[PDB]
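Undergrad: Now for the letters of each chain:
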Amino acid sequence: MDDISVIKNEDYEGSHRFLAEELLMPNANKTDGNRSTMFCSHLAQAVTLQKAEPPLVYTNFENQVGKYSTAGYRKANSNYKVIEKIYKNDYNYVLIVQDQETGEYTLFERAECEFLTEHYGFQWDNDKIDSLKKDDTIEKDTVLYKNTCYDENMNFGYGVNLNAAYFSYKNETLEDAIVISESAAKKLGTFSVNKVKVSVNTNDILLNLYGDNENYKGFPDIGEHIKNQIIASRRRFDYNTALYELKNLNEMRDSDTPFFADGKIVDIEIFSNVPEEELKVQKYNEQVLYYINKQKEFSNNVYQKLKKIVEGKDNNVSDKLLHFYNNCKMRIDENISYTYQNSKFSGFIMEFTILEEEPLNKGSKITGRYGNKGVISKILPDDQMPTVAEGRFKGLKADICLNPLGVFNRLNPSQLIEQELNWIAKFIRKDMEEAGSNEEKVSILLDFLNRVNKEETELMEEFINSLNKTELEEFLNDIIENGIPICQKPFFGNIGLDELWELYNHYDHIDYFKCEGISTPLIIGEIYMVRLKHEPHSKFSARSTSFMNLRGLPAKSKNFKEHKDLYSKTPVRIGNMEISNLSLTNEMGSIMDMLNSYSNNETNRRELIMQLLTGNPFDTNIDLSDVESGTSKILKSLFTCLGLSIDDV
Amino acid sequence: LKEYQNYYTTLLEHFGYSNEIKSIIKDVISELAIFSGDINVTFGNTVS
Amino acid sequence: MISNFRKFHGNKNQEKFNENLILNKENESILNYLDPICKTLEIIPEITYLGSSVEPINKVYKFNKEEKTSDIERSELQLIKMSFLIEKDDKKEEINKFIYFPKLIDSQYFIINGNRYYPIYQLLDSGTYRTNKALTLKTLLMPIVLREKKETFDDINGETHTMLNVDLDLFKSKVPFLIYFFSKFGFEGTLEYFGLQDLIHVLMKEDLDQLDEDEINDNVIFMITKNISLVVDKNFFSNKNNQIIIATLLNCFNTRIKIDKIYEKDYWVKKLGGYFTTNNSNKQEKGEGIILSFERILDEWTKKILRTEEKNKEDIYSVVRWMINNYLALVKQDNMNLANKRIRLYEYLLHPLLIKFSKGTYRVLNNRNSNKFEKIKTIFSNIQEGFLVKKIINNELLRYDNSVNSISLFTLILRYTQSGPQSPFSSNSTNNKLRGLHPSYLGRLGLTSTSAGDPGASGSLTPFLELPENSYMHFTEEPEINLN
Amino acid sequence: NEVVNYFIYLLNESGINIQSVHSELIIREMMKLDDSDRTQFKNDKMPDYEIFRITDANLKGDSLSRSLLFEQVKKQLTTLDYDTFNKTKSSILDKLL
Amino acid sequence: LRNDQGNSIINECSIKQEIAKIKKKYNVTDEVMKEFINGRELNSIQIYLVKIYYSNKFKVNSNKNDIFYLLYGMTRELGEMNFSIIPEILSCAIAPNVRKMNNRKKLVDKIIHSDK
Amino acid sequence: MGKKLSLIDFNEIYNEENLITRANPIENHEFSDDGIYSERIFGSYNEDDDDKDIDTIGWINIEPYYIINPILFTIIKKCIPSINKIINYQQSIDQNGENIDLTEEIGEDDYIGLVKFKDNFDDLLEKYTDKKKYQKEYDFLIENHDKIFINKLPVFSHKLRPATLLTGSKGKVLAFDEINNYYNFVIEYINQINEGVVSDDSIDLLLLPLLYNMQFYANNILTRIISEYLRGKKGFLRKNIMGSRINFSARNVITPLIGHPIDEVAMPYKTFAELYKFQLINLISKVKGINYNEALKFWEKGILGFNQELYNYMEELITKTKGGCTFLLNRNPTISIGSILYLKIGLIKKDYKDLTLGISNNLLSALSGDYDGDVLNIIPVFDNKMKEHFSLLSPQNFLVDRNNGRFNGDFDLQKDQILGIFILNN
Amino acid sequence: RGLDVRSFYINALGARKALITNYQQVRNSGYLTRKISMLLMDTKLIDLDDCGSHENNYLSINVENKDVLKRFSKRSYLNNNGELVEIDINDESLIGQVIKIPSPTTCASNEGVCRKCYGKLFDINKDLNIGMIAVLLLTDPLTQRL
DNA sequence: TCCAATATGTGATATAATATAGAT
DNA sequence: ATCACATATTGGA
Ligand SMILES: [Zn+2]
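Residue numbers (our numbering), protein chains in the order written: chain A, 646 to 1294; chain B, 41 to 88; chain C, 379 to 862; chain D, 447 to 543; chain E, 1124 to 1239; chain F, 3 to 428; chain G, 98 to 243.
Honestly, the hints are just simulated from the structure, not real lab data.
You can trust all of the hints, since none of them are fake.
Under 8 angstroms between C-beta atoms, here's a sample of chain F residues computed to sit facing chain G: (1) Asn399; (2) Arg404; (3) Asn406.
Virtual Cβ for every residue (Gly too), placed ideally from N, Cα, C.
Turn these sequences into a full structure, and let the hints guide you.
TA: Shown next, in the form of structure tokens:
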């Protein structure tokens, strides 16, 4: 309607106040709204990358996004002086500090990883806080610990830069799929952190899964890694079964309850309501006693060292420091009792933080900045991929290969634009490398930049003029090898079709790359790639026999959440529409046998399991009984309570 | 290409809708798809 | 180094985010929003609101042998003391009750029960929002809705006129607003409250015969009955917004009527009580209780958030007068224009406490033949320290941190949602308009930030947005229509 | 005679390519014969029939399973408006009960 | 949620396989098992010993006939070994008025000092 | 052949052993064996020794008083309007205490009571029935006059009525569905009606409203059973009678597979291992000469990491099975033909990390799906007869388009294969 | 070439419309296909050449255009001699005429549809359930096209 | 006097993965 | 809360 008439193009000139998420998308002017919405969702679906790189083609609004998002870095807002450092573990310690200006006392804790939810989290770069010792000084702006997304100069990058080409690789790119080289797969690796809790009571005992005959360890130490994908296993102890089951405590038995997780331990916390003396007696829980004494000694240290600070009347302590001191003092205090879910628990409860590096796998989704979703179809050797063997760029290989069929139909031209600009940037860098004069190099660079974005050209002129000759040489060399930054702001300052036309007509030498064994000359160029959360491990499920509901029908269990099982074991539902589609086969008897043996009837299920367990493995023929199904029994009872009874005519 | 389907249809009518001729149609589809993949990787396709 | 140039370019960027908007969650204080909910209980004459303040959190642990227990799950919370005073039959008791409330962590999060919960801004209309054949103002508990009905009334000369009769649907009954105003002030006092004592009159048939032809030429006459009639000035009838009042008045009068019955306030109170219940003996008491409840529909927070002149914000009757006299203009307003909308944070967190208080006070008001002090005590009998936290979590008012990455600016900090307490949005289809985008959203709300699971219900605020300072977090300092 | 033509014309307007035999089956299942016997079609003139909507067809039909397992269980079991007690016709879906 | 069925079916089928092996190994008929089971009541120490012998192979089933078949098989296989008293213990029946043997300090200390 | 809805008379079904006398479910901090959660009658939640099926039904005996059958109540409401005022009892009194209602504004039939209603049911039915609109309902009532009034109320198994006796620090908690309350209510009422001698004349105000409230509670019980347990997606009818949660099921992502037949797919390690676990245990028990539990131990060790022996067993099973270790693959929603396909496993993937079903590209159009990562459901088919029965969902049977009797283009070349063939031939 | 801020608003509004449409159709399609499938699940077929259906009872259809003629393939119709004869889709002589055809709706067999009323397609589709084929063939293109 | 329109009220019913927890 | 379905009054004819 005419309401949109209020929108005046002159009012929003040189303005980006209407853009929000789209600010991270270069050439947002050219992308369609659907792909932009997909990008906004992808930014949430993104995962932290171990080898995060600043974008080659950027909007310069990215570092602002990184700064104002507070979950990745920690900044000591005031000037501080390190009062003390106390170690809980080698991976986790605590720093007590004091504001030099205000005089208040505050606290800063470190850890190797931070967990967000489920199996999602990230590793930390704790080198700045680890360099700090007692009586050192923290400035007003200092990154005590940072994520891998931020580099040394606080530049923020949510993904990697990968050399891409639009190619049809043996029809492995049908619809939208990506084939990626192993070297590029290394750059697309992420972190996986899990907080798994194993609860032990007086009935159950741990098993010597880790160690030898002299050393009894039921769980890995802090530095150790997980073996056989089992954090621990527990056996219920009863005097009747103790004579035979307790012997060979080192090996697993069918009665044991195992707990599955994979990675490296980084923090273990044990809460024990058992008397410490009884643990001293028990050999199987000796490691638990050792870690309990470690936590108690750390709390004793913090009490002894911060009593003067907390209990000094003419002193100010932050609420965080006060709560920390109070919790540690409660833990060292006598008659302390721990409750889980508002219930006093028997035995103890152990919480493990486990960190691993998970790489790129088939079925994992990686996308660009323009809604170009893709599923990794094949991870191939980097040699068995398009290689160019003509010209100066010989030996260059494509890191990823994308589907070229419907690039125009997806209404996302910015993908092609970024690829083209990085492709011509390759030629600019090569021309710079061939020249032997630094002035010639900066002249070529300023020419290309002025052709793309003029403001970046002015800023680079200022930056180069300010640099020392050695610093300028380092700048030039790293630009030649690593790549040149090009700025394509989302809405104003982007490079359009006519600007690219001018660029292509000026640089007459630039032409399509001729690759080995490929008739069509194609273009390879760096584009930005981010990794999405959806993965083959996310929704994988495999159930044969699992826990049955109270009604005798299969149902899901919380075992996968509690890390008691490796895969989901979640039952699929056969919908009513699925029944209709299956009814195409007029063998309703076979469909009813399927549903009865798999779910409705217990006798048919037991018969099926027995036939598959004993008999001929290669030829399986089953005979099923005609006993009424449990679903029919429940129906009969419900209708009986209604006062109606279905009877066959 | 549009006529290919017709051929297949006539095939189904020529051999009396035999199960074997249906198996052969599926085999032809698989082989033609493999050769299509070969043509696509050797003769590249690109948008720019 | 390339990193140096990237940092330099980033620092030299002209366009910058509004830091104050990013840390606006720090600006909101719990006591300011908590005071009106506590004041709601002053409906009961015995209850007096002493006040609420945060109890000191500087308490330090001491070595004890008391066998105290601590949960494995860690929760960072604050404690709020609420102080009331209740006096019954010259016996006064001072009541103090403490409630736990989430404490802000990292300037944008709460930690409760070992889980990361992040608060979310809710988008809601400021006041007098438009719905099909109705204008609605949302109070703390009971929303006041005014519904319009197209009616036809024939002139004494025989020429029919089409007008609009408006009525309130409060307490599950369609009652004309003039009935409420008649019960409060009487028909004469109602005409004087609207300043219409010179414009409208009621007279006898013989008096009508005595009137000259020039007065009939300058007035419009509608005979209520054959015996009694009503006269309204022509200049008043020329305006349709004024025709609304005349149509409501015509709908109020009945065929069986008397001049002294019109002069009787008790007749209006009885008609109201009859609207709500059919028991003739208690109709007066029913109408009196209804008028009391109508007085209590308005809340002070609603008074403050309303942008109208304070003269119209004195009491509920002033608000109804302002709405009715400007009904035609207020009805013709955009529901999605951001100037007519606002964002709120801590307000929806305190709503369960308000619901509990309202239940208790409804119990005390409806109590019959029992000790008032006892029921007043029952109001604050089961108020527990963990009530607010448990109700916040279980009612899923707070959103769990499902973040997958380190970027929190766009997934948590700037997230706005239409769903929530007092939701103007629902999964029903007719609400489709709310899911769409409006031109006034430009420069203030993200255009492509919607969620695929529930389109339009969720989005993200633009970082460059600046809310007017000291404007109650409204998008605009002044509404869409300025009543020129 | 006119609903089949309307169906075909609307199918052409929509571009949906489905053969009219399947559409004729779809329309046939909606209609209910007042005699409820197919043999009356062998007679000289068309028998008495009434065409229903898709929801009313199985609810007003004579099959118990496809009606109970579909929609409006409450009104079927409580009231005889659908003549549910008189239904005796069989169905493959009966085996699922 | 109740316990899963599959693993219990595995264990039960293992028990059945073991009793079939026992029947085929010694050419046992129903009459020989009847001779071994004639007027035999369930004994707690006997089921404990049977659990001990097959503790590595499976878990004991609830049906008494299966336990008695396993008893005869254990008796034969133990008789093949030099063990002698335990098969005879399995064959006889325990008394209802079970009397625990008083602690023998000499015997207990002799066993404690024993190398085995 | 066919199914007929039939009224049932509880008088023949009633068993005195399944009689509930205690309305209060808890007794001495444990569930009462005479309550609605009776373990002796209904069974035990987690005990195999109780051995009580879900088919067990319990009874509440309201003798010697009778009640309207709730299921028929609605019908009666149409035949006799304002039946609620008739069954309810109300009387007024003077200061002296004489009944003073005088029946000025109420019909003589109203407010008589449920016992008077049963005594005067026939004449009242003749009074209020309208033939024009309710002749069929009146005939149905005549045919089933015996089922109209009943004295015993059934209550279904406690395993369907969830009841958990959870323990809390401040206090113990009992979690139950609302239906239980209603049941208990009924019991309480009948007890308070039966403890007083029925032969001795008592005040009607103390007894008749109790009967009316009992009728209301029974009506609500029936209504709640229909509106909660037996209707909708949540209802047992749609959820588990037609559909069901299926054992031996898997959920996998899809990825393109090349150089293989169209009906042959590549299956990951973990999914095939768990789905075909019992057959693999059989094969291991036969090969290694060990009992089945030790074979389960070996499978448990092989499911953790890739074991060459286990993969050799898997490929042996894939090669030597008669039907070919086939399965059914479906993409939700199954709103089109070809959504479910009867396919064959031809390869077991050798990488534990790779967990993607390798499906052929030509199969995408029939499934109406793309490589967007959405999970497809896999249901393995074991029985050979079932294999020959579900082979009608094989790609060969869908090669012929059922609309035209021609070749189905959904199984023809996709757009990329079309580009390749076009480059080759044109 | 680029875009303007007003054009960007229009584009984002269109994208929101698309998402809303997808969300609502996700709910509608299942309901429609469920109703039609539940009704047509019990359609059957029998191997009887002639069901005795009256020739006058064979309903009529108007060959208005070419698509209407395309709908009927492997379909019978009565010539002017009075004998049932197959319909050839290629012949244009039938256009502009109204033809009475043996139809499934006029089948007189209660056990199932005869070979005449279904057509020559019977032998092709006798392996699968007929009503399910029909409901799927109607419901897939309609929802996808919407 | 009747009636059709308006109005009120009754009733079925609803996607897709998913963070939990009322005195002595 | 959307769609259906059914009564209850009431202004209208
Ligand atoms: Zn026929």
